[PDB]
Amino acid sequence: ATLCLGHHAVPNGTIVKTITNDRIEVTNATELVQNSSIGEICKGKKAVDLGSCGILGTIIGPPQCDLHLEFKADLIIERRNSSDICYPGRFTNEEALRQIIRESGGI
Amino acid sequence: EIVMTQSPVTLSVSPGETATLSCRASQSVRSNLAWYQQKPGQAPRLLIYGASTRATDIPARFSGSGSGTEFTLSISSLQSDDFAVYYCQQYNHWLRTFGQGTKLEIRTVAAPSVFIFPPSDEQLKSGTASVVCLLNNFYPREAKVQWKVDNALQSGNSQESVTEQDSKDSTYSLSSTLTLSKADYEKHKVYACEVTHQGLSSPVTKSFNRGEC
Amino acid sequence: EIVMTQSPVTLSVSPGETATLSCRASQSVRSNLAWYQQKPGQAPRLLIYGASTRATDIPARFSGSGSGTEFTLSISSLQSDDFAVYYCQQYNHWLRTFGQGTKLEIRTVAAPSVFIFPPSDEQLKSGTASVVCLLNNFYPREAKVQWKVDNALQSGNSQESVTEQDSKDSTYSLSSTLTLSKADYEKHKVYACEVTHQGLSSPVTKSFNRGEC
Amino acid sequence: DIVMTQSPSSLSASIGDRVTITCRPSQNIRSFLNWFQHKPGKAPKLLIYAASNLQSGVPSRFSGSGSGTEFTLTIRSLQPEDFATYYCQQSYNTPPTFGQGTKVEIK
Amino acid sequence: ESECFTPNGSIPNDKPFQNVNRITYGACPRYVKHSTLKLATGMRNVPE
Amino acid sequence: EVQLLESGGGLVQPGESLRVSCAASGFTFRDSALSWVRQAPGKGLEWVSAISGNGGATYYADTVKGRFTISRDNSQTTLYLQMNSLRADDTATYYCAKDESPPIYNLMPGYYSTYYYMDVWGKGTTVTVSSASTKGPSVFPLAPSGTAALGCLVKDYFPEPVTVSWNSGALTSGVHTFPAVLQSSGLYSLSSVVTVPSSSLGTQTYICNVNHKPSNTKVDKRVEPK
Amino acid sequence: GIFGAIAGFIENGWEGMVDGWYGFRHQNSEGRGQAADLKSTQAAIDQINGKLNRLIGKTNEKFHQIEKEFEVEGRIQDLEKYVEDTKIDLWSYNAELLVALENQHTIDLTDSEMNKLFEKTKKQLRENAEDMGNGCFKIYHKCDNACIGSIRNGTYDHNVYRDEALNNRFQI
Amino acid sequence: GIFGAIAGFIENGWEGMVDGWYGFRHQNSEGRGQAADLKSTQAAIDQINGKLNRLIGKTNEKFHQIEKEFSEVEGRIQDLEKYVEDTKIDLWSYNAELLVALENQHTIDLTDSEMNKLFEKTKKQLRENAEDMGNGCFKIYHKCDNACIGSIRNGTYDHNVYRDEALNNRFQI
Amino acid sequence: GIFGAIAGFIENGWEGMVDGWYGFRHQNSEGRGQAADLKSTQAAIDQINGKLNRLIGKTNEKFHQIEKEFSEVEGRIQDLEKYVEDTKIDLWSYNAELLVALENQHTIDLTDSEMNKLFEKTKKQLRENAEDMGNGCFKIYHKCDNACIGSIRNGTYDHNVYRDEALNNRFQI
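So the protein sequences, as listed, match chains A, B, C, D, E, F, G, H and I.
With the first sequence counted from 1, adding 14 to any position gets you this note's numbering.
With the second sequence counted from 1, adding 661 to any position gets you this note's numbering.
With the third sequence counted from 1, adding 661 to any position gets you this note's numbering.
With the fourth sequence counted from 1, adding 45 to any position gets you this note's numbering.
With the fifth sequence counted from 1, adding 21 to any position gets you this note's numbering.
With the sixth sequence counted from 1, adding 149 to any position gets you this note's numbering.
With the seventh sequence counted from 1, adding 500 to any position gets you this note's numbering.
With the eighth sequence counted from 1, adding 770 to any position gets you this note's numbering.
With the ninth sequence counted from 1, adding 770 to any position gets you this note's numbering.
Looking at chain A on its own, in the form it has when it is part of the complex:
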């Protein structure tokens, strides 16, 4: 009779790195680096989406920031096309000013 010893294999292997080899295929692997967020600061949190509102604009009130003049927030979300100003100008120490506001709690 014949008796053979063996091990399993899979059709869909995964490439991993080892000490001696940059690319070796194993039957299964798991990812150790979290690379994504769901985009929200957590449910159970009090959050405000400024949206069109620039953040610094909350201080001085363009029409955009009308909703958010006296906002109360645990998590504050800035957005990309947001404009801090209605009449063209810029804040002195602008980046420094926002960092104050972000951690304010609201105003």
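Any given hint could turn out to be false.
What the hints assert, rightly or not - Taking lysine-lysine pairs in the PhoX-like style, the calculated list, with each CA pair at most 25 Å apart, reads:
1. 850(B) <-> 809(B)
2. 909(I) <-> 623(G)
3. 786(C) <-> 375(F)
Since the hints were derived computationally from the structure, they do not count as laboratory data.
Starting from the known structure of chain A, fit chains B, C, D, E, F, G, H and I onto it as the hints suggest.
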């Protein structure tokens, strides 16, 4: 098993200016990366290996850089003889892969001169008709040809090819062939090639009437 | 092979207040730790697993925390039905171990009402005499009973048990039985139960004289 | 948020007897511990401050001792007027918190 | 609105490392530069 | 529905064997692990053993390391536990418990993930190990002598449990039936009491109804003021 | 692997083995069969889960730290940036080495379990079989399904077959 | 261990062996005996001492550093001093944890390896005169008195001397 | 090594083998010869090159940093800048020390492993036609000319061809 993508497919750079190339690579690769300069009708020639270390006795204007995924190749002082195609390889996966290739160009916009040729009587006796449209000495390379037979746009029955950039005047030329059966060719009268190109303020049509000259 | 010690053995918390429990564990344990709510006369029910991850469809008032050695379990909003006993298990030593258990209480101090019962004539004919002392509907649970026979303190010949906290009035009751042989019972006259409890300004004695009523 | 565990919750003792009440905070509080006395219908009275200092008007039969995580109020010879509920109170961090109290009854 | 917070948003903390943001608050995976790190959880795969 | 049912158990002499079944019904496909956990009334929980896939466990506590053996019959979907060389302290309510692990562990679905937490518990089967010998109770009155207390003492029975009701279950308010205590003879004794209006003694009959199913004994005892 | 079984003298894995990581395939008078070995499978899985237990679900709490995004300030900001950059490079190194080391070890321990099963089986068969060099044994006697089963479950009695086996092995 | 000898095909250790880490137990015509193997014992001990030499008695001198406890709130600079020290301690705590886990895994594997080497060496010595019973024991197919057993333990066993006797015993009916 | 071949049951290396890392030496009727084994040689070399690829030519770019030498006493901030750099260097010096010690232990073990694999593979090839003499040498119990030896080295040796001759030689008196 590890694809290489170069960007763009072809670039136009004036002689003297610096031409930066791209060699984006899926998965990490740093130790081994080689650039090549394959001139038309010749074998590839090694320029840079590893990432930045250039080959022996090659000009210092060829610069190399990159890490892991994004890789670049910049040619400092460009010469008219650098009209070659450039490639990039990688390690390792025990299986080296090459890049797609980046064509390098070296002039003033020039409209094509356009010529149309009826099939020869000799060809027609063999049962087929090739109508040829020539777009001569134009720049830049982008050009469009449309064929019409009795004002009906032809689709699927033409083929075209384009020359390498001409060393003598930095232009391109393009030949398009419309192929019909003899029977079809003799059924229609007006054969026209319509050419669109940046150097032409309006598309240009060259045509002939079968059986007239 | 890895002991678990919960603290304290029993705690009294008013309904609504937060009740924090302890689960001190010898040797490190973090990955696996499960809390349970075993109501009297029922099987244990899973509340939290791992350390903080609560079981499916259990109230959010059950909170879990801890690391390595010290572990806690806090019940935010307490309800009258939470009078269960709580336990904690651990990994691994290939041998999971459970905790000792923490009894949770849910009222105004109430002195026991105390009753003493002589043995029945029926029991005496079988050769034994049980004298029973009942401490009814008291709070808190801590109470002491002493038995005296002709003013001599009895030791070693009584047993007692205490009910679960009563759902209807949040009280406890306690039964103590003094067991004598028939011959001994008939040799003495005064049988007394003395009860000490926080609700009583002085200990209370209930007694009877054998052969009088 | 510091939990004060006082014991016993209640005790009875004869006139002239020595009475001892213990307090165990949930963390070390050094000497920042006070003892209050509350007689029926009167204002709660600070008896001992900073673990051992007798307040004005308090009889010297009252003494406080201990530090860290275990404190003791002793009443050395109980008098009828000492009927009251006694509380420990930590002053170590905010909010100040009190023991659940010890009712002293006279036999 | 349906433990670890980053300015990009909250992230799961089952993994030991993260590539989302060096700024974090709470029980968070540690920030690293790698975009991926695969831990083998099975033997070498040898097909044919 | 993932409930399992424990069958078997009972009274056994020390040194004998007894196996307890656990009908695993419901969501459990029985490629997941199962465990046994025993608890004696008056003591806390204690993990006994575990099973995995086929013969991967082999996981027994040090108390029963050389006595208990765990079987699994996936064809009939029943978990077993052969308890041999039973001693006195083995008297407990043996619970059959489901076993769940974090999804990161348990690589192969069948084998054992060395980190399990029990989620779905069973009804439990009580196993008593003594040299006892079943015995029905004697029932004695605790006679009342605005509110009065009266009761019944249920004495000298074995094993647990007994049930007590009053007036065939028509009297509920104010009834307290206490946990039994174990006497030095090895027999149990318990009391059941009720508080009633003093004014009802003379008009109203109070009878305690005691049932000890292990000895199929049934006693009604009228409790009269004396 | 360092033991030379997996991707070694065992030419390839079995995709058709989905009930275990290691196992037996046989051919005898009654046919051809396959059966997983649970003990070696579980031994490998337990070791890998031990690694996972060290890495998964054990993060550490940090609260108030330093700022890590910034106006130009010079010296102090250079220091805050350098501290964070230093820390990240050192953790990035730790993570890289950890994975490379654990993976090398995982591949070696799984190869080891395969080798142990082979060695254990070889010793069981004593003089009744020969190693064909590819993870297969030629068994020099009639071995029906129950016989094969006895080998797999460690109850094979070699003395029972030894005479038959020796006569078959040592002849002309 | 990765070699499968200790806690493997060798069922358990011997508490009665107190003169060495590895050794031989025999049964023959003259009785039953036990004897330690010094070379394999010393080989294991030397490797472990090599690890100890890297770890024990090699600390590094530090003198003036930064302050690490503070009596007053200061904000920014104190945040930085605290963060630097906390960062350093976590990185050293990691190094220490991994070092011990790695060295211990290796120590358990090297000691298992030495046991396996001794077994393999003994097996080759016996040639065709013995068979492996699968539990770390050899059945020796010839009369082997105390001096014979001793010759095996000290590497002077001549298999050719017994081969004829052994083969006849092994290969029969 | 942990496998016990190199500096183990193989007494010493061969300086006269300069065309490979592992190989065969034989003695037969036609003489004595030596030949390298290329596959095991390349297997060892590939693993070592894999280590080198991780370490060689992969440095990381740093540009503007902090100052690390100072011409004047400043106190607090300078103490912090110095401490940060000193902390960083000690942690990298540790990483470098451990890396080399670990890789070297592994390199010595993998090269020992390749030697062991070649020996085990050869042993299985010979089946019942040879015996292990315990020093890395096989006594082959049949006439084996140069082509026969060659067939063993290149994996085409058919043991059945010689088995009868070999068994008669092994099992006699």
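Quiz item: Which of the numbered hints are not met once you compare them with the structure shown?
Solution: none
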